[PDB]
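Here we start with a single chain on its own, the form deposited in one PDB entry, put down as structure tokens.
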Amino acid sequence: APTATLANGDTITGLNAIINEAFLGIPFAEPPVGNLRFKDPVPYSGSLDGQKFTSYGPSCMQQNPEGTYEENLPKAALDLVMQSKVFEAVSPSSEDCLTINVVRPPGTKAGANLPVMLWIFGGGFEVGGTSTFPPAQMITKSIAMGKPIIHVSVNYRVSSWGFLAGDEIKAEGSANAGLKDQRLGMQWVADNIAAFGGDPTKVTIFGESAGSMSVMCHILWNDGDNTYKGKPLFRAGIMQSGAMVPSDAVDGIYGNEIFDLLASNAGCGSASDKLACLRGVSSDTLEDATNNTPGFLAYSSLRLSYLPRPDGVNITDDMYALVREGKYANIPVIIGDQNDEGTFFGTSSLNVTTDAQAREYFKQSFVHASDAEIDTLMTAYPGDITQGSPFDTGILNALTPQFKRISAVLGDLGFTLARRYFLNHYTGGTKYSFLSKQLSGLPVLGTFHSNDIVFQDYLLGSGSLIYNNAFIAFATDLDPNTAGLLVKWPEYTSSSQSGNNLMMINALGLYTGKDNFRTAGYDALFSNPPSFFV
């Protein structure tokens, strides 16, 4: 059985899985229960000496997503969403969930000094666990290419438990507990990964969906100061679908509104101090109260109930303003998207069939947008069913007359043109961007949000060349191009550059292209980015 002795001298045992060795379920913070609820995580004080860490612990508490998709998707599309599992609640779950997991090449030991890939999971900041993202395909591929890596994944608090907001959270200085969980997991790696064979100065953080939005928050955290004990906590970042979070400050209208609603639902509506009251209620009361605020696949969709918000302390301002003001870590980044990011989210508003209904849906999801702004938005993404997402499928996939334009707006603001805005203002390091069209022709969803998880962790396809091989090459060497792929990946300087600046994936292989599509959407959306915050 593998062993490792932590920085403090505790010797722990892990698991020999033949194709790798796993140290699963190590606690890194005190259980955030009772009056530690919603507060910053506290370092685990306690001995792990003599203990065995052979299985994943429970995930943190999950919010029910509230989707209807399983009755509107064709069997082919549905089979693939079932597989990524990013839109499902994980089980088992517990408030005592803050554990970290280290998975390494067989025969690895202290002094091997391998690059470390730190994975951050993320379904809508409301669901997810580390147990649903198998490290074995990434590790087996790293060994095969002679660039072995260690895979570390960290649990963090999602939903009310991890991202409650409003005036009282703000006053107490407890905003964005979930991101602080991740950050403390990063410090733990800085202080203990050398004992497992890793090199703390070679950490690349990567994630997909809310986990990718998290990597962006970590680049902007403390105005871009990512150092811990005179060293950087990470040297590179990979963002699979997700850039800045389009959100109002922690004490803005919706953060407050969801707080009041949750406190009433938990039976704290008449408390003078609602946080004290919420730390008093039972785990079941808190879970039920949370499940009475909207889940991300409900009609509110990406007007998310729980998500990272600027607090003036650790995320000091509006994340678009921080990016154009240069307040970020200076690291090399890979950031990319699936071609049809918003189609899965489009299944939430399938009762919107007319333009007037569409106008009301945009006006209620974006409360800061003026009519003029909503008018420009609907001109940039017209009703014309050939111009929506799944992109370039003509008259196909139009579940409703508005499904494809709502899907185009959600995909772009949430993920695809938010990446372009970052790439056009980030000068912190070399930029590499990709866009996948691997699943072209898949009915209703196209190359949908989270399909990369299947080809990164379960199956091999043209996309695995980027999701495994290029990402291991980037983690090791800080250049994707050492993977030795058939196509050379172009460095991205800006969307207006001459020449191909995007690595692209189709059903058969890789090729390059340009990030110059839907410029009208990009100007409707990002001329004044606050107008479309939630």
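Shifts are known only where both forms have a C-alpha. If you superpose the two forms and keep the largest set of C-alpha atoms that fall within 1.5 Å, you have the rigid core. Numbering follows the first chain given and starts at 1. First, how it differs from the form deposited in another entry.
Looking at CA displacements between these two forms with the core superposed, a shift of 2 Å or more is confined, among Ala329, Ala195, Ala77, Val323, to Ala77. The Cα position of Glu88 differs by 2 Å or more between these two forms after fitting on the rigid core. Annotation: Cα of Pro41 displaced by less than 2 Å between these two forms, core superposition. In this overlay on the rigid core, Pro32 has a C-alpha that sits less than 2 Å away from its partner position between these two forms. Residue range 67-91 is the only run of 3 or more whose C-alphas all shift by 2 angstroms or more between these two forms once the rigid core is superposed.
So the form deposited in one PDB entry is up there; where is the form deposited in another entry?
Next up is only this chain, free of partner chains and other molecules.
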């Protein structure tokens, strides 16, 4: 019943879900299989005329979060689950996975010109799919608000399939394939969304964790030039936990190590051209080899095996420098964090129990940091258990004497203080920032990483006022304050500014605060950002 005629003349059919109309699994690129592996996506040439798009397609190949070259129980367990026929059935994945989904309010028609919210999922650049992020909650609230929006989500290649690095990848011009996938989908939106009822000039991009850092990368892409056919691809951005990626160049030390490890695992250790060898192995073999390189939950933790890296061509340099140098798109942005971003990742190093062990874990993780920098970091983030994350929990949550400490560091460097650095240097447009403490009191994890996804797509809570309401108002009017919340959200200018600059959330609701916590950590970390790159 729901119908749309694309830019090339094809007329497709969608599904009518009563509370919304959806067009799921629309292919936007040729399958990145065979020799197309690790390469830039090719725009989809083909006819969709007369086809129905009523279910999400498979996700791209997934990496075992507990993967590693070592052997252990968590690895063995997840693998057991991931290779199970019930899992293969409920959550299918494939290399042919580049599809896009368009969900809109019931009755939307071409020409409606509704603002568009483009969702980029986050799964540590190693797992993820669009099907696990139900848009219904957002769509319904927007209708109730009298501010209807269209929800679009794009699949992108993750892990080795989409973020392989090293000398060979660089020489070929194939760096950051997963990000290029997202870019192509954006171009697809520009060219086709009007047929669905969306306004291509009113696109807001947003994501959480890896999806949020993806949004940052898009603001920095092509030195800030975000146009396609003479027009900007998006007019605003919403970053839920995640800003710049602290990573070395694509042909740096770790990018090359991972490439070589993967090549050995796949049986390409002897190839004169390892890259062509990798395009030749079966997907089973490639999946196998990849699961034998560290996943984000393994001991390596946030020193990721696969993630966006400056290539000198589309991301021209160190991302912190691009932000200092003004090489970004000039757009209004909302960027925020969960109080305790690092607790879930801190669970990966629970065998680290003494200060000497913590120092070695940090040294091993930050190869560019000197001893003095490591010492400064360990002074800024002391052993004192009352000082770590879950923040403000006193002597509680002492899984080990270092857990709270390691959680404070990972959460700050990867997300929370990284955000402050961006905000203190970005002048491209109005800035709004939030900090959630909605789950204060939750044992072990606190207001943990990704809990926002629950209150944005699954359950209603005080946080939904921001994750749905405020975000809908921003995508519609470029000002979250049009949502009619009782607490006015103040513009953020600087972390040293006078007055409250953060929208805050607790179990009861909203209130405002200041972005002046852990200044000692900010300086330990960001005095010379590249000392802590991976």
